[PDB]
Amino acid sequence: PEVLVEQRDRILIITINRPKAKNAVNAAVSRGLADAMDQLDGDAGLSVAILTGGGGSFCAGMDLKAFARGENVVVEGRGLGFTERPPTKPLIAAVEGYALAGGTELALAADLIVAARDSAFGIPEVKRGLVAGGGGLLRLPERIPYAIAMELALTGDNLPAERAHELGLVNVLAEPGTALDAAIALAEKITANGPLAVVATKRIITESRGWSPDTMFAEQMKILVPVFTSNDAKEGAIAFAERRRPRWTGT
Amino acid sequence: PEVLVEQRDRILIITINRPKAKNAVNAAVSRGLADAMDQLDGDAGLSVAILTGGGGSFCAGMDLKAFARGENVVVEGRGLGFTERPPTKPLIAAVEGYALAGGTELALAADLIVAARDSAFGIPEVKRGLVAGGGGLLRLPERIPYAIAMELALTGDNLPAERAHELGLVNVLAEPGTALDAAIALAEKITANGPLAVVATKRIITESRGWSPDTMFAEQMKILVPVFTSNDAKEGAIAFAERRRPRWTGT
Amino acid sequence: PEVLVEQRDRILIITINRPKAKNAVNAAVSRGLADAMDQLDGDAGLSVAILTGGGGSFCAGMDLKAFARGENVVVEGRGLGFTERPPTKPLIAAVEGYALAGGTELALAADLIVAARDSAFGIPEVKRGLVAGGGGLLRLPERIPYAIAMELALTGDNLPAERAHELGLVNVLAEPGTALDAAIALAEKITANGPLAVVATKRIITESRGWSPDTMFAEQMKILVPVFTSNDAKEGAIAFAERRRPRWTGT
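Residue numbers (PDB author numbering), protein chains in the order written: chain A, 12 to 262; chain A', 12 to 262; chain A'', 12 to 262. A prime marks a further copy of an entry chain.
Incorrect hints may appear among the rest.
When chains are identical, the list treats them as one kind, so a pair holds in a single copy or across two.
[Said to hold, decoys possible] Using 30 Å as the maximum straight-line C-alpha spacing, the simulated BS3-like pairs for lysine-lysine come out as follows:
{"no.": "1", "residue 1": "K233", "residue 2": "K31"}
{"no.": "2", "residue 1": "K31", "residue 2": "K76"}
{"no.": "3", "residue 1": "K76", "residue 2": "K200"}
{"no.": "4", "residue 1": "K31", "residue 2": "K245"}
{"no.": "5", "residue 1": "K76", "residue 2": "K245"}
{"no.": "6", "residue 1": "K245", "residue 2": "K200"}
Honestly, the hints are just simulated from the structure, not real lab data.
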């Protein structure tokens, strides 16, 4: 299987299993990722997903051999796996080695990035006379300073993970080989919080980028009201009062 | 009094005076803050305000006890004091200790933040099954890198002031206990500049976020014309020519 | 000549030649810059431009003496040289010494900034009772953290290049006196990539700021299709396959 899926408590671990091809995205991998996100969002037993690449490399981008023969790597309505339709639940990318071109675009479509100190990002498409069309040009300038995003886009240069951490692209710098365990620790903190409040918090942040300051509080209030009337909200207050862990139901 | 107000030259010092409750915002504090901003903006003898919390702690958020009994902490049209209606004159937050939840949202509604090296920010609402609705989810992603804002929102973790300074959230790192004096020095630099030009500069920056590149220069020009025809503009030129301090009138 | 223009391979070097006036922009310099950009964009033999100031100083802003006598420094439809109409090809600013007021606004209207370790930026207009109207208030908050942009705007303080590099404003920190050579190295990396893909990458990044997430991929696709059907795209693939340098034609 070109994409491996493992359930661990409330956490879905998604592993691109194409290491001899540096985990490049073909049609198989693209469909596997989309299915994995449909599983994450559709299963009430899951809170967070982690995306990683096996064997020490995250993702070299779209498979060039598969692009050559004309495979349908881009699935209409999802893009490269999920670049044009990110999941509603939180997604963490855990990055070893190279995440280049489509690979950096997979990481950008996640919410959070955990990267080994020796890993690298980049969008080298222009070096081949191409353009990064998986959302890298639309998200990188919103994730790191605009001029740096512009530089990486125009040169195709690598962005080493230490610099990406300094620029705010990488949330956690991990020791080489341990990115996945650092992402699990981050995912376990997110799963310990209120499922409805977590999904509503991300929804407000992502959908507010297409809102207007005119109407930002009004729009946000519609998302807030179901969380504040939720059973979990009452359980949260009782558990904090009794100095114990809350037992979420997702209602 | 739950909010203390002091006039020092052209600077208004606003102190939340509820230290045994960690300066949490009840109805009293919320109304006091709104009044303080109305005083700042309405008094021609004032240029800048500083918001701080007494006793070594900025603000623990909305008072939970007051939220429990149903106090009207949120005043319609202002939010938590002023989160939904920031003042037109510059506001500096000086942060000792913890600024959490609503407290971080008060700081975000200011223009500038001075923070002690040992202070911390955070929005831990999701840990209780709630969501930060005082503007934290709408401003933090515009103040620090998007992924970091997302991480703090999803985990509820603390953001230590040193990191917040590295991320651009904190303007000045102060020695512990001295945040207020560092904020005064920053406020005194702002008050030395042209009052109309200062108020117009902030107005252009804040209102440009809801403008369109199509019409950005046109909109900005309408704000520029009164400042450039102002008496202060002529006084600014004369004083620089004569190598002396300008005497602003605010006209 | 108050603006010097030199062609070196595919790189246009634009030097403000007014060093006794600290390279301040008068009507002459403003028209020279606009002409230089028309040359860059109109000549198919050029890929990238560098803007610098001769003698160790980038640009002190608009010439005050020329503003005093009423020269038309701002040319309608271009602003200060090009602040209101940046070129379509990539522009790099190489900064020695001071880049203040209009000077920082010239640098902001570029795509990339190379700055000597001992150089400084700033917008001190408010210190004279004026406002920075050359785009500094509209671009700085999109280039460095919002609160820092706000601080520099309200105080007029200098932003030293080392800090500007930490904040993401400066792409490359250069040794003092060597900014121009560092900018050439950066320009040479950009010129080695596909001309159409480079111009299309910048166009997507700049025009996406005025797009909506609703329609962002649709808008981007219209720019992508000519690059992907281009002769250069095929040459890029052949050259990478044969492990040799691609010979771009710009078609």
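message: Cα distance capped at 30 Å. Does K245 pair with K200 within a copy, between copies, both, or neither?
response: Within one copy, since 20 Å is at most 30 Å while 48 Å is not.
query: For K76 vs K200, is the C-alpha pair at or below 30 Å within one copy, between two copies, both, or neither?
result: between (40 Å within a copy, 27 Å between copies)
query: Given identical chains, is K31 near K76, meaning Cα to Cα at most 30 Å, within a copy, between copies, both, or neither?
result: For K31 and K76, the Cα distance is within 30 Å only inside one copy (13 Å; across copies 59 Å).
query: 30 Å Cα cut-off: does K31 pair with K245 within a copy, between copies, both or neither?
result: between (51 Å within a copy, 26 Å between copies)
query: Which holds for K233 with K31 at a C-alpha limit of 30 Å: within a copy, between copies, both or neither?
result: Result: close neither inside a copy nor across copies, 48 Å intra and 35 Å inter.
- prompt: How would you classify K76 and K245 at a CA-CA limit of 30 Å: within, between, both, or neither?
  reply: For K76 and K245, only the inter-copy Cα distance (15 Å) is at most 30 Å; the intra-copy one is 54 Å.
Checked against the numbered hints given earlier, this structure breaks only hint 1.
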